[PDB]
Every structure is written in C-alpha cells, then in structure tokens.
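> Residue-level listing of the chains:
Number of protein chains: 2
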Amino acid sequence: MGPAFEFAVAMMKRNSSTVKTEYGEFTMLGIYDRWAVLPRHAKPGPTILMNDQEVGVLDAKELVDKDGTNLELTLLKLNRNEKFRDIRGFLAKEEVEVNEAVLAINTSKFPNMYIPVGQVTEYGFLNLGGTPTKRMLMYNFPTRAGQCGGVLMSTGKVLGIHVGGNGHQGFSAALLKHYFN
Amino acid sequence: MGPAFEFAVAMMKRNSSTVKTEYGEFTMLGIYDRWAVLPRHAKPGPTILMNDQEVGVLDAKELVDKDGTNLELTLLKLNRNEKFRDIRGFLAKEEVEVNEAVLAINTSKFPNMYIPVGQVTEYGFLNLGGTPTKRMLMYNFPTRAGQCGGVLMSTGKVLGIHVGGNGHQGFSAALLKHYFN
Ligand SMILES: *[C@@H](CC(=O)OCC)[C@H](C[C@@H]1CCNC1=O)NC(=O)[C@H](Cc1ccccc1)NC(=O)[C@H](CC(=O)OC(C)(C)C)NC(=O)OCc1ccccc1
Ligand SMILES: *[C@@H](CC(=O)OCC)[C@H](C[C@@H]1CCNC1=O)NC(=O)[C@H](Cc1ccccc1)NC(=O)[C@H](CC(=O)OC(C)(C)C)NC(=O)OCc1ccccc1
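Residue numbers (the authors' numbering), protein chains in the order written: chain A, 0 to 180; chain A', 0 to 180. A prime marks a further copy of an entry chain.
Worth double-checking, as some hints may not be accurate.
No copy is singled out in the list; a pair is fine if it fits within one copy or between any two copies.
To be verified - The list that follows gives simulated cross-link-like pairs (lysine to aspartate or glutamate, DMTMM-like), each with its CA atoms no further than 25 Å apart:
(1) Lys42 <-> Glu53
(2) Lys12 <-> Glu81
(3) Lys19 <-> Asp32
(4) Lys133 <-> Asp58
(5) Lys156 <-> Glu99
Derived by calculation from the structure, the hints in this document are not laboratory data.
Same shape as in the complex, but just chain A:
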C-alpha cells in the first residue's frame, strides 16, 4: 500500500481543500479547470467556505443516472481564477474494484489523515440516507460523520468520494470520467 499512500498524499496536496457549507464541513476534490465535487448532501449554497474563504458557486449539478436514480455527487464550478490541476486522467470509465485502497480526509476534524480501508468491491445499489442510490463502492471500515468528501484512491487511481456509512461499512460514490464534460 506504500505507493497508494504516496499517490494519495500528493493528490490531496495538489487537488483537495476543506469546505464548509450550511450542512457541514467536508473534504472537496478539485477535478479540472474550475470544477470541484462534493457529496450531494453537502447541499452547497450560493457561497461556500473554502479553506476558510468565501467562494461563489457559478453552477451546481447534483448528479443522477439515466433512470433518475441517486448517485450522491454534486459538481460545482467555483468563482476563482486559479485552476485545478487536471486529474480526469485518473478517473475510471466504470467502477473500479481494488484489493488495497486509501481513504484520504482533509477537514478541521480530520486534518490530513489517511486510512487504509483495504478491499473495495463494487456494491452498486444501496438504500442511503433512505435514498436509493447506485454506483456505490464498499469497504469494511468504521467510517463516521466528518469523513464525507473523503477521497478513495489506489496507486494511480481516483476511485470515488466518501458519502456514507452504516457504522460498520463505508460507501463512496464512483467518480466516473464521463461525469466530467
């Protein structure tokens, strides 16, 4: 898992920030240009707090699949002149299944912490926060509040964003290449 950790630390240094919304504090991953992602439940307002700084939300697409089903990601275009290093090349075209993964968190609660969550398997459909939801990836780790937005990685791969947990497993929504125009 050494190279996975090394990839994660560099990714999070390069592309991540800490976001507060009216619904809480989350890890946020910048993808390319000016577009970042959060879990849908961050319910980002017209302004967010990004590393303690007010930033405007030029647009915010909550994502769903063709059968209108919940995917639990919101994409945001940020009013800022700096551009995110482009990490679309790191995003798979479909759900990745991995034997060793790292979940990386960047909040006030969990500043730069990394968790080896072990095996990620494709879980697909889950009833999450009561909402039917697809394209879920599952790892057996006791995830808590304060970990949403967590970025799930393996060597060379950005697999998903942490969005939920039942107290015993956690679930990332798959960050698919095609979500990004």
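Here the structure of chain A is known, so what remains is to put chain A' with the ligands in place on it, guided by the hints.
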C-alpha cells in the same frame, strides 16, 4: 513516504491496541514480552480497558531522566498470556531526527488513521501541561485530543509516542531502547 506508511500499518497491526483509562482513550504500543507504553497522563489505573477488555496492570513505571525530569511515558506490564512481538530492535538509542515521518492513531475517535507530519526535529526541553519535559520531538502538525499514544514512525524506525500539542505543533516523547530492560 510510501515505505514509512507501509512500515506503520504493519507495526500498528502487529503491536498496537486501543486503551481506555479513567483519564481517556489512547493508542497503546506493545513493545516486547508483556510490556506496553502509554503517555504518562493516561494515568493508567490498576485495571485498563484494552480493545474493550479489562486487563490488569502488574506494574507501572512512570519515566524520568537522571535529573528527575519529566519524560512523559508510563511503561506497563500487562496481566496477559499473549506476548508482544519484540520491537526493541526498532527503537533508537537516542533521539532520531527525520525529514518524513508518519504519526499512526488507533482509537474510537481515530481508528486506523495515519498522518504524514513531515519533518521531525529534536526539541528536547518543553514546558508541557505546565511540566518541564525533555527528550521531545517536534513536528508541525495541528494535533488534537484523542491522539495521545499516537506512534511516530519512519521507514524501519519507531521514534516516539505522541504526548502533547499546543494547537499548532505536536510533540512525541522519544521511545529509547534503553528504557526497556
Ligand atoms: C458524511 C457527513 C459529514 O462528513 O459531516 C459533515 C459535518 C456522513 C458520513 C457517514 C455517516 C455515518 N458514517 C459515515 O460514514 N454521511 C452522511 O451523513 C450521509 C448523509 C446523507 C444525506 C442525504 C442523502 C444520503 C446520505 N448518510 C449516511 O451515511 C447514512 C447515515 C445513517 O442514516 O445510518 C446510521 C445512522 C449511521 C446507521 N447511512 C445510511 O443510510 O446507511 C444505510 C442504512 C441505514 C439504516 C438502515 C439500513 C441501511
Ligand atoms: C492527548 C490526550 C488524549 O489523546 O485524550 C484521550 C481522551 C493530548 C494531545 C494534545 C492536547 C492538545 N493537542 C494535543 O496534541 N495531550 C494532552 O492533553 C497533554 C496532557 C498532559 C497531562 C499531564 C502532563 C503533560 C501533558 N497536554 C498537552 O498537550 C498540553 C495541552 C495544553 O495545555 O495546551 C493547549 C491548551 C492545547 C494550548 N499542551 C501544552 O502544554 O503545550 C505547551 C504550552 C502550553 C501553554 C503555553 C505555552 C506552552
């Protein structure tokens, strides 16, 4: 830092546990035979909770240097028939200074989380919890309550146990080979 992470994950799997004392929940590192360490302020009682299990404390040496000064470690001999894999070979004879380190935490608050804290320099004397204290190692990371007992490592090396923080830096007490008979 890849190999440091890989060393840490294996160390913590092999030698660490979660301890609750009347003073809180800590990460605990088993050293050899039946002897483990905590920060002195864990103030371990005649019984501890180790991974949720009552265990007796056959002896408990709080450590100080020759000038009676605070080192902020308590060594404990545990009433249990399992033996700790012997990691004394991993403990330096004097304070190690490192450019990249990992701090590894194992509590209910922070279960298996790892933090790259970067550069560790020898700090020696610090006024800690108001107590004069020596053999301190310092890293620039915002450490919090719930991280004491944290094990600070680099590839192949167990450097110290996390014992304090001022909100901006954290401090480990050096885990020296000679402390272990
Ligand atoms: C991220 C929020 C955060 O970081 O806080 C910012 C301050 C949080 C992380 C998970 C919650 C507990 N552990 C986690 O890893 N996610 C959520 O809170 C998420 C919110 C949400 C909102 C809107 C739509 C979907 C999701 N909700 C869940 O993860 C839920 C929480 C829950 O209700 O379950 C427990 C109370 C933890 C048991 N998890 C969930 O729905 O699991 C499936 C389930 C629940 C009940 C019965 C059967 C199956
Ligand atoms: C570990 C306890 C834990 O994990 O809880 C179990 C439930 C905790 C971790 C540090 C505290 C805050 N951040 C940390 O990384 N350690 C302590 O609480 C430790 C207790 C202690 C007890 C007895 C003897 C020595 C130490 N105390 C400290 O780390 C103190 C805390 C403090 O008083 O400072 C702040 C309030 C955080 C600012 N740190 C300290 O003394 O720093 C030096 C200092 C303080 C004030 C002025 C100048 C210099």
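> All hints, please: hold or fail.
Each hint, compared with the structure:
1. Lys42 <-> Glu53: within (16 Å within a copy, 44 Å between copies)
2. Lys12 <-> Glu81: Only inside one copy: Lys12 and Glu81 sit 15 Å apart there, 41 Å across copies, limit 25 Å.
3. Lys19 <-> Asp32: within (21 Å within a copy, 47 Å between copies)
4. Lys133 <-> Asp58: Intra 24 Å, inter 54 Å, cutoff 25 Å: intra-copy only.
5. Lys156 <-> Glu99: both (12 Å within a copy, 24 Å between copies)
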